[PDB]
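> Chain C with the ligands: place on chain H using the hints.
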Amino acid sequence: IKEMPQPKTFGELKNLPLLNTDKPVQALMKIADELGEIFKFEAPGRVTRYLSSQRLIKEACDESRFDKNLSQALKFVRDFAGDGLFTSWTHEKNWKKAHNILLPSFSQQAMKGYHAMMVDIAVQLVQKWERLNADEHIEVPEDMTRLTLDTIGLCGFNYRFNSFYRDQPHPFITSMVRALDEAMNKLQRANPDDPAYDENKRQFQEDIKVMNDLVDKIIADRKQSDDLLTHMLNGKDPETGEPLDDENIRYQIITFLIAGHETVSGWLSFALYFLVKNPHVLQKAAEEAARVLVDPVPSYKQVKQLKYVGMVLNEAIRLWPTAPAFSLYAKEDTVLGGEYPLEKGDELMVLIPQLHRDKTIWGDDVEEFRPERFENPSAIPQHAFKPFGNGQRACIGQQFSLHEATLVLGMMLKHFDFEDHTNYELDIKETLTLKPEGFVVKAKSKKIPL
Amino acid sequence: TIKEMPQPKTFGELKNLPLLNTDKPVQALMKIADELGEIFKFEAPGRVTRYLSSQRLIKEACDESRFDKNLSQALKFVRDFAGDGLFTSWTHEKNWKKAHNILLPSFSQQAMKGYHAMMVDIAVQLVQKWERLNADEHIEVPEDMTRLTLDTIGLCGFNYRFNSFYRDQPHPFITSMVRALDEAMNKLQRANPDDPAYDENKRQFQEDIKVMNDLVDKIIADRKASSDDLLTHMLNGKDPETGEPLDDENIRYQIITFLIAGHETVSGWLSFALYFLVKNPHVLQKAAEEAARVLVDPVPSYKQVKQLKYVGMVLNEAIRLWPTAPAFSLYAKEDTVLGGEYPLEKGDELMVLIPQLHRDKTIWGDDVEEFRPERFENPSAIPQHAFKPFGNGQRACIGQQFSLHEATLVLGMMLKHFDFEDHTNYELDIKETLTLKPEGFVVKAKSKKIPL
Ligand code: FDE
Ligand code: FDE
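First to last, the sequence lines map onto chains H and C. Quick note, the first sequence lines up with residues 2 to 224, 229 to 455 if you use PDB author numbering. Quick note, the second sequence lines up with residues 1 to 226, 230 to 455 if you use PDB author numbering.
Bound-form chain H, shown alone:
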């Protein structure tokens, strides 16, 4: 039962200066590489422990001892998402209520309903790229969020953002980035009440009104369908017989627009990066897509058969998990790993990109992109691969993402050949999530019609 490592302190500022970058998650990974499986991290008022090894995280994922915690990041995001599924505490009224009301919308059969609409937007993406003249290129992260925002909008709410009819980023997304960017910058503000932050605070509200105005436009377009929005309005709580409060329903819409398109958007962009940097892996998935997608538009069953594309997807999110961390707190007093005592209420952070690079589980080539590690999904021991959270607070849209990413990635491989014409150097922008910045490619159409 020994003492815990800790990085450099700056007097009364503690460890806060060490995350004084636009890339805090990558700075924590360096500290993890420098200090190991666990280290203590102090801020003016907060203290947290970062876990990097599967040995300690395996006990942290035990729901008998640990419960989902709202990190200082989520408490700031709660300023515009409120008590929706992502930023809710487990033991507060609306998490249980809404979790059970929304869960039918993510069943395997609900996915069959989404498929036609997912195919709608994916065809729009293929048609955008097929109409590029020979000199033009593609901005990967921008066209992916065009697609992922449109999917969550059409399937969830029957609302058309028409992102492909906008050369500019969609206004909802542009202020959302600023709101998520603001939240992350507040984690680095020592004294958030300095007058210097008065422009920053007023812009922050300006961006929330933009997010709420769109939601009221989504609500006004309804009040003919059995989508996710019908379920928010109509589902009863079995114990009380009542539907979700209107203020919560606005909160869940925001949550799904954000969590339901950004992490999928980063995902697809990373998968395209690793393919275009590993050209043999790209032709093996291109062979599978040419084999399985035999129709002008894909069917639901065909997506289920793109086994190798799926492994590409799992190996990308292993290397770069687009939601990079989740937080826990100590239900009751306990000792961690038989060496580290924790009092009730002590907080842990699972550093997901560090868990997925644990040499002791994945072998001594953790940093290489090898999709063939997931040819045997069962081989990997429990709690070693945690890109979607843990337990009852794990990602509810866990199958929706996989189907959307697989379908979209499948059709791109069927219809285009991709050249990394600039020799792109991977640069990971951090909002609270991860995405490659300025990643561009060229796509020669294989001239297969739709």
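Calculated from the structure, these hints are not laboratory results. All the given hints hold, so there is nothing to weed out.
Examples of chain C residues lying across from chain H (beta carbon under 7 angstroms, computed):
no.: 1; residue: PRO18
no.: 2; residue: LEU19
no.: 3; residue: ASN21
no.: 4; residue: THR22
no.: 5; residue: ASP195
no.: 6; residue: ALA197
Pulled from the structure, derived: some chain C residues nowhere near chain H, Cβ distances all over 10 angstroms:
no.: 7; residue: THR1
no.: 8; residue: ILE2
no.: 9; residue: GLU38
no.: 10; residue: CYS62
no.: 11; residue: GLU64
no.: 12; residue: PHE107
no.: 13; residue: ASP121
no.: 14; residue: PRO170
no.: 15; residue: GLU292
no.: 16; residue: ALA335
no.: 17; residue: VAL340
no.: 18; residue: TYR345
no.: 19; residue: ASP422
The C-beta atom is built at its ideal place from N, Cα and C for all residues, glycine as well.
For chain C with the ligands alone, kept in the frame of chain H given last:
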């Protein structure tokens, strides 16, 4: 016949508490009363209470020899900032009867003639706000009603001007007060009060207590500068029974109590009164007939307000359907049997479900859900204890004369100066803090172009 009491589904050691995990508990209890009848038991971990809905038993609960006002768990939570004020006091406490005798003079008929000028001040400000809206704009009723009623309690009670109509967003006192009242209501439904989910709530609650006290510190200090209003009786008056004036801790509680109770239920009341009228245009047209008839001066006099009797009936039929203070609690002085059927031990508590009492078919007929102001044309015809929107007995509402005069004046001038359009076909949505208000009620107002 002595009989066992109805009780809805139980959820283990949580008892009946899961049933009220909603944003609108009073309308949920009206659903339970509708299905289990005139009385049911409701259990929570530490507490037990029985909810009454029918006049036959509620007239029995209104017997002051057997039952005395009880502080429900909701009132005990408000006591965290209302303290020893009139509303959160036990009848047997030293500071209830003391403060009651000191402040009751301020709500007399003789005081009412003095307030009339100040009420007109606020009311004219509201009229002028609506006359200066551009053609496309609309009116959010509860927000402008709180602007009116709060400015009224400030000026009439403390000679203090909140200037709520010179503000775009709510007054900061109003936001901190509602968040405090919202907290108090939500602590009632909460299973595990030490869960980390509630640290922000405890923080924010304390943040909201300091702002309400700071504002009271501004009112008290602003007088040490400078009258014969309610605050003068608080500071200078002495109790006629004991010859003691009020404790300085207690005076701070009385100012808070009157800021809350002296504007919140009147603003909801007017909002509902305006709601039912845009929904019954024959009733609305009849009420503007009387206001155009009686209010012949640019501003109304005290005598003219007392001559608006149909407008008053509109207000009474409004508050029957939606009593903005929806319940009050009682406890049993001694062991007694209620209705000859339900035995109660000494100290057991009761709750009066006022919107259900006002929905008794045995008293009001088979159209209790219809908005008919003409039930109040015959003042004597109502049975006793059938209409209890202002509490009971010695703990009844001290300002019901005050509220009625304020509400009737404002409702009267609105009818004289405007035509009201329900341009959205507004669907009634009743937000619950601990009181009742319509939430998103909006209307448009055509100026009748009558000068002031
Ligand atoms: C719609 C959608 C879509 C999606 C996607 C995704 C991707 C790609 C990735 C991801 C992730 C994730 N998620 Fe995700 N997602 C979603 C969602 C969600 C929600 C709602 C949540 C929360 C849940 C609960 O709690 O209930 C999540 C969730 C999630 C998580 C966890 C959180 C915490 O904090 O714990 C993670 C890690 N997600 N994700
Ligand atoms: C100033 C003012 C104004 C007013 C108004 C009103 C309206 C509109 C309604 C109402 C109500 C009421 N209230 Fe009212 N109000 C007031 C007040 C008051 C007070 C102070 C009280 C307490 C009394 C004794 O107890 O002493 C009341 C009170 C009252 C009541 C009772 C409570 C109990 O718990 O019992 C009720 C129900 N209120 N309200």
